[PDB]
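Below you will find one chain, with nothing else, as structure tokens; this is the form deposited in one PDB entry, and questions on how it binds or moves follow later.
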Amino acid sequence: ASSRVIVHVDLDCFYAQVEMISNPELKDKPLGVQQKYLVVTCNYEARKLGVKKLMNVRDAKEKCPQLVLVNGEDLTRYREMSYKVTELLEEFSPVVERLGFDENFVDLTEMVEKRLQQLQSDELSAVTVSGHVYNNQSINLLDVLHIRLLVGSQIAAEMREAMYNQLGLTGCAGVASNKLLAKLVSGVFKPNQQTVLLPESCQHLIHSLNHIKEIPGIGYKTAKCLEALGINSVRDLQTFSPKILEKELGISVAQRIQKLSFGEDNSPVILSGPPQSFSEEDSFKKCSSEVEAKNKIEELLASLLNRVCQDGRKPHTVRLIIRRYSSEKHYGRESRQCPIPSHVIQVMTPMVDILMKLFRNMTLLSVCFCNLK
């Protein structure tokens, strides 16, 4: 083990794609999916007209006074489709990592080897790429690594083909030697296409970023910390002092994101498997009297119970989270965790009050069934 062939699959405007399959009349027409006062996602037709994801419904219609909107506050169908995609990819190779509802990582390393071993000392020269090659780099058919990434692009092509035939879904794929690069290159040719990255082009891809914040792994926070240090470009981070950085973010985060700035990411593809938790949420115009407004909570449990059930396993912990309006609390949530009565495990009534007492001990309300077994 040493050289991996990873693939990053990223579905195009996933929610719109599901809504469109539902009611076809929505195709070719600018379609935006709405949650409260936001247009979380939209089909490309609409993006052409200026609709950008996570855009105010207003800023959205006064940019495209024709945009069709559907409500996407209920993630049931999306979720269901998200697992259908993951499963299909699990077929090609079991080790699949989900990143949100629309992303998956697959370690194709073992699969590329098996395929290569079936090729004869001739046909191995007829190996061809499938899709784009980043920075239009030249392929060297004698470079074993090149042969491997190209095979990976074929498999990548196959998965994309299967997704569309079997599930009616289009999307992108990125093939590289680690998760960071694969995710970075999957977006190069945006609408429903695929790109493969050859080693020689790693820095080019890394340096094409305009801000460290663009590097998967570096969030909103870490970015601001780095700024406060005069670290703005990816090369600033590459050339910055190991000591100082290590001494201000933690030898961990430090040593890790600096490897990242170079295109280095040794993290494995974790097998996601079944969810580690189930939760429903609900935001509402500061509309909760601090009581009686727990009929909403009864609502959450309704669906959740239907979900936690279906799964098969049973959760051994419940939780409640809340919010409070006032100033601009850029981060403010509160939750009361608690074990679930063994008897009650094996129905609403009990639970209802269970959350109620958890309620009292304490704009948005959400229940979460975690600790599954």
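Definition used throughout: the rigid core is the maximal C-alpha set that superposes within 1.5 Å between two forms. Residue numbers count along the first chain shown, from 1. Compared with the form deposited in another entry:
Superposing the rigid core between these two forms leaves a single residue from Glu227, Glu264, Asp143, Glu281 with a C-alpha shift of at least 2 Å: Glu281. If you fit the rigid core between these two forms, you'll see the Cα of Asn165 move by less than 2 angstroms.
Once the cores line up, the CA of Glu248 ends up less than 2 angstroms apart between these two forms. Relative to the superposed core, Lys183 undergoes a C-alpha shift smaller than 2 Å between these two forms.
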Given for the second form:
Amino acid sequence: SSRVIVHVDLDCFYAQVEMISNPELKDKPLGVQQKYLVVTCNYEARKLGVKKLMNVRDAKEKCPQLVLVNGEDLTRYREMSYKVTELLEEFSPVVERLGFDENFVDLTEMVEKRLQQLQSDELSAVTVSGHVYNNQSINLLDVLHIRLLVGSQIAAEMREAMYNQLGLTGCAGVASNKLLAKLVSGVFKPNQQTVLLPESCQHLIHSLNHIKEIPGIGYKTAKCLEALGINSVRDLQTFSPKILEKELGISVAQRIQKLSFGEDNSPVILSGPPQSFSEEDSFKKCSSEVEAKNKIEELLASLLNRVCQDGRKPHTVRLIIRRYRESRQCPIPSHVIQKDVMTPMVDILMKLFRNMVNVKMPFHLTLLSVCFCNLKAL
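Next up, can you give the form deposited in another entry of this protein, since the form deposited in one PDB entry came first?
What follows is just the one chain, with no partners and no other molecules.
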């Protein structure tokens, strides 16, 4: 059962949202700042030299006409994120989320229908929407191709409906699994879509340069492979299965090797509603017992907001700390579920804290987070 998956990726998301909010900013170049960095910006300002993830001063010097904006309150982005996800669900119910600006959709069933509904005669021109990866020749006689071309049209449709109705632009990659879909989706940016035919699969993995470029292989797994002298995607393709299992575990080994061939059988998971809420906060110095108290209050303060609105309730709370991450958690008592409600929580959160960190001694940390998970019904 060959699948058709689509990966959707919004162009410079925060930027887009900001612009869609303050139209005056269409004309102007724009950057979104978190702490003293620039986390993303519209294209009008990537041309003036502004690289994503660059300090806000180099930014200003390199580009003086730059209109900055604060993107530390993730609230407008997160609402837009779900407006997008809901739009896409209205196409097919099975939509997986990846951060705020990515979505996976399984179009296998949807492509099925549209095909059957095709009178033989009209089996052309059929056509393709957007780019075909690596300019590959289409073979209308190959069902696999045909189902991917239909996947391209549904994607073009989704992208139209995102623009109309939400005012957002973005790219789409349509492939036979999530891996290839995500990889081929950025081959043409911004605001364009590419489809990957099967016979160009190998061209696409090898186009990659560092092995960490593949989704799934990350910082910790890369370094492991590096120290094994695995740097190219072909290195990994050709390496000893056995030695890899031995050095990575039989679970991780099998999967990432398949990855390096472009093989990915992981299904698209239906995300549904968020299963957690959390406010992170890292900082220069924190070294008493209070000031964690102040922090935990603020964090709690902001989180509470979102919980009041979500609907369902958290039956578990936890405390996270990256020291000099660790966590402790415990169920949230029956009474307190009455969305005042602060002091009891912070008493628990502190109880948590205390058992984890010795207050009768110095610590200093850099990171405090509070998380609400385990929400019913579930």
